[PDB]
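Novice: What follows is the residue order along each chain.
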Amino acid sequence: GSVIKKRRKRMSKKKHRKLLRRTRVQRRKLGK
Amino acid sequence: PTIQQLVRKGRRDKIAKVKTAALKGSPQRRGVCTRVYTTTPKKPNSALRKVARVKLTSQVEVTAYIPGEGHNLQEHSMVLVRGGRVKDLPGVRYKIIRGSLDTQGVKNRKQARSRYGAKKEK
Amino acid sequence: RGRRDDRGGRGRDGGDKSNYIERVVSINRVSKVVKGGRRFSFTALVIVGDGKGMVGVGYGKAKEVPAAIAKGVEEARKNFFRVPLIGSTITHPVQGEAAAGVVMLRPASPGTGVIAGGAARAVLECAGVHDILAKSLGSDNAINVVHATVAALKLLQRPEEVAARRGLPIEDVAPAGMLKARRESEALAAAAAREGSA
Amino acid sequence: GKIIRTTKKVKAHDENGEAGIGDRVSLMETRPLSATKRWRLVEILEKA
Amino acid sequence: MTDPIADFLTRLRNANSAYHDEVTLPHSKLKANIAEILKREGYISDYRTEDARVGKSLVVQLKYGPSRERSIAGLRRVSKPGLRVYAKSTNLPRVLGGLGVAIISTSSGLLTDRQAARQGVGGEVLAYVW
RNA sequence: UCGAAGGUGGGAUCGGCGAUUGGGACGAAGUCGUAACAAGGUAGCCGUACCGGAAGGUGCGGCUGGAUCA
RNA sequence: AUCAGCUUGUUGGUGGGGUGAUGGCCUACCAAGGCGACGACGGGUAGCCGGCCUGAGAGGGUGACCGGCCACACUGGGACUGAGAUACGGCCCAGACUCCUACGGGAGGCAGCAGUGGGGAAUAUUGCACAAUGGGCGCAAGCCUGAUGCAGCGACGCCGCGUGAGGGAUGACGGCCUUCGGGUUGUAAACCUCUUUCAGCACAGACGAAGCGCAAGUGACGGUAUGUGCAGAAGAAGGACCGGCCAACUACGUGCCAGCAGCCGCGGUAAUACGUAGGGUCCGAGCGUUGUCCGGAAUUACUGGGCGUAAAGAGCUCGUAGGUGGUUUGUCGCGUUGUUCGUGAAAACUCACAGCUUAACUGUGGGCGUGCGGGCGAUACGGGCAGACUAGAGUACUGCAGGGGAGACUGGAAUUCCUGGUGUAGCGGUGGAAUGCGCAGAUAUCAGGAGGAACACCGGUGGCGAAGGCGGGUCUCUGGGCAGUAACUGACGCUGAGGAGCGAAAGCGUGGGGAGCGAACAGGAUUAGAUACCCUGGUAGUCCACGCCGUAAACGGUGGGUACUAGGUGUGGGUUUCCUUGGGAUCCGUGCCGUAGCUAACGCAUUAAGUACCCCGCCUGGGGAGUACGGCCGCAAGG
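Protein chains in written order, with this note's numbering: chain A, 1 to 32; chain B, 33 to 154; chain C, 155 to 352; chain D, 353 to 400; chain E, 401 to 530.
Not one of these hints is a red herring.
Derived DSBU-like pairs: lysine-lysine, alpha-carbon spacing no greater than 35 angstroms straight-line:
#1 B:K74 to A:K9
#2 E:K480 to E:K431
#3 D:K354 to C:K289
#4 E:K480 to B:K46
#5 E:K439 to E:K429
#6 D:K360 to E:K480
#7 A:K18 to B:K74
#8 C:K186 to C:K217
#9 E:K488 to B:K41
#10 C:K206 to C:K308
#11 B:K49 to C:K289
#12 A:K6 to B:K119
#13 E:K488 to C:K289
#14 B:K74 to A:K14
#15 E:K480 to E:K463
#16 E:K456 to D:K354
#17 D:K354 to E:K431
#18 E:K439 to C:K334
#19 B:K152 to B:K127
#20 B:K46 to D:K360
#21 A:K15 to B:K74
#22 A:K6 to C:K189
#23 E:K488 to E:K463
#24 B:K87 to B:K127
#25 D:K354 to E:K480
#26 A:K15 to B:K119
#27 B:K119 to A:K9
Which residues of chain C face chain E? A few of them, derived with a C-beta cut under 10 angstroms, are:
#28 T245
#29 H246
#30 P261
#31 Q311
#32 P313
#33 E315
#34 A317
#35 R320
#36 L322
#37 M332
Think of the hints as simulated: they come from the structure by calculation, not from any bench.
Every residue, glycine too, gets a C-beta built ideally from N, C-alpha and C.
Using the sequences and the accompanying hints, generate a full structural model.
Specialist: If you want it as structure tokens, here you go:
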């Protein structure tokens, strides 16, 4: 179809990836 | 689809989709009103809407709209909030009854007459 | 469609034969972007018919509303369509499909009334039916439900035609209640016809 | 309208041990002989 | 190969839709009875049973009208494996208001809807043809 | 012998509140850029990795939902 | 199943015990089962039903009145009495609470009918009778009965009746519009006759009682219902709405304000959409709003939907339960079907009829009670059992094609470095340049050496593999496919929830290897500024061995199987009839064009998205979000 749907989805995915970069450490230690 | 697949598991309805969380499945709830501030709607409709957030007896914190020209209610009035729908300010879906326990009916209202609670001329 | 009531001292309004039943179903202004703006035109879906059960379907394109209605009248005039009945009912339950238009046309006992939505109600009120029971499933439109209703009336056939296809002596094609309804409807055709001769 | 094949693990009572696994036994309803042993079997048809 | 009769009526809808003169089939008992019913109601013209690779075969010639137009205006298998549709005597489902017929295989053999009505027996449907 | 309540004990599980913090939705109007839509001015997108104030950029493989045609 | 295992009187046996009665109900011993993806054990909510509401029906919602069952009686245990016990107005104990006490100790129990406080948007009188019907005791009279019969209260609901009728003008007064002519309110009003139900005031006054009673009386409702009288239009209309859907429009007043709105949307000084007025429309003792449910919604599609691109085909296979099953003979009668018996209380529902001034309402008689059990009958189809068959499926035999896979050994061209020649000032790079390598001997060329990776040409719309994927050569081991004959087996088939296995690239672990390319990382340039493209360098990586991970636009965006449905032309594998390599015919493969048919359209179109059957996956507006919480796998990234 259009690539707009694909790109909205991918924006969400990207943002999430970044959010796991920055909290990586914090999730390990707060979880442990 | 492949009717044994429906014998296994399938074909249930979706979700009740409850409209109002006032509580209990009750039509109107009296409430203590607080902070009667006036707001700004969405972009095609610009005005100042006269809302008041109300703590329903049902312990929940909601924000109701006050229909009519003006509101008799000040801070700490016992307003009787029914459920409605105002599109125009987001998150305000309740309307305060006018002509009720505390908030008096709309004065010189002569045509609408059941809503806005104006009693008949003597 | 306004300002039609008029008295003219001119040559003629040209009122004449074929006083048929004519129904205008819908009109939606159809726009077209060209260089510097929009060009508005008009579409009128015109149903014509007589109370025998002959139906037309016309589709008028013009940039005036009575012009589009008149062109739909002439186009349905050019293209009629025969519908077979029993009395004033329909023969048997059908489903018609015009690519998304689903319409179920089911017969009923007489007196019930034409129960259908407005497009199918138009095509059946122009026609020779008075008591059938339809429904418009899918496509939620006027053009596809009119054209789907006419395709549904193309899936109709006589009891006799069915008997002929199978080379069987009727009785042997219908069941008996519907043959009795043939006797009732042809009997009232005889009563109103012989009252028509005198 | 699907004709469902269903199973029913009943429990049953052999005094003489005439049946074994895989057999085609009959059944008949009795008095409640213990906590869910409510069947006794007479005229076992086929053995394995 | 999962349903025999669906391949039978399927082959009659394809050979009927594509303007064919005859059709060839693996002969069986139930297809012979359905072919005999569609003989007796006149939806097909006649069938003949051949001997062939290993087994017998069913060659049905189809009955057309005053031009190329068709007598069987459809088939639809209803008593299909997985939802075999049963019918009490109260209603042998009427088909196309009665103009179509319903091949119903009662305990007396294979009948039509009308024969299942008058003789007072029901117990199946099979495909019904109009 | 059994035994309700009571007492001691360590857990399951359902929630309420919590300084601070993550993101989310809406707001107009603000600041910064201009990533995408035309070959959108480096074709776009998928997976993954790395990096970057942000949109993003690059690598490796893939894909036409790509273009003009050497 | 974001709850997968639970159970030790737990599963069965024997001897006792207990009970009105069978029994892990209980007990001693012995045996060791039992229950679970047809959801066990846990969690959440819930009295169940005749019914009620909605609906064309199928179904959805609900369990108020009336009726039938069940459970409980301040909270939690226990027995006793008795024909019979959750013993509401019994007992015993322990609690929590209210109250009396001379402090030693007692008393309580509206979830009976009234009634009070509280909670709440909200739900009635501390009524009168046992006259009727039911119940108890009594030989009977009779006594008891907040069951019941009635009454009060609330438009809380359903139905019926009233607020007058007939006459009445080229259409008054007043009102508001106006094109300044008039037009509307309006036959409506005033007036003129007439009639009075229902309220009002009078007098008469029930049936309910073929009852009870041996007493003479007896109706709570009741001086009610209802009669017959009297006076007189006499005492009696309101609410919503008039942009669109959706019956019904004009003026005045504010002009992005004040407000409206079910959605679409109306307000920026000429709004039929806001407020007021006229007028209209729709209902009417009511009319609007809010809430809750069904409907429309075929919008969870059994009846009755879908999955190339709109939401939707698991990355791909193998296979457990399951679902489904070619040809044919027999038998059983489990599914199916026919018929009769029993039952589905009454009420309701539907049809007819009777009763109340009518109706709601009530009663009588049918039907309904879509079901279930028993007896008797049928055997086509499904199934079970016992057989038979060769077309599906698999095997043998003869060939044939192939970058199918793994292991091992080896080949040359090219790039880079190295040593040595020959030989000099530039080379490299770009849109144009500069960092850079050079002048210590570079680039260039010749000879030799090292080492790694990738395989030019053949080679493409071509082959093989289940899908990823697979191309230097040779050898070794091994997998699948196709055709031909029909030798064998004789339905062994299909699919496949969970499950195991394979699964590009990137990434991960340990150990090697490291030429070229190269994220990150530098400098140069461009630019307003480049954390970018372009340039020069460059580490992990790319490579091999052994494992992880499990993802992709893993795409034909098309699950697997099967049968059929006009053709035309390429090319890949193999059999055969004819000309004699050419053509035909055939089985399997892969492309391009094309009818019918299909589709929302583009398109598909014998390699279907066509016509049908079988099984699986999956979808239910967009965001929030393939995210949180929880669990599982993983070294981590993460899935």
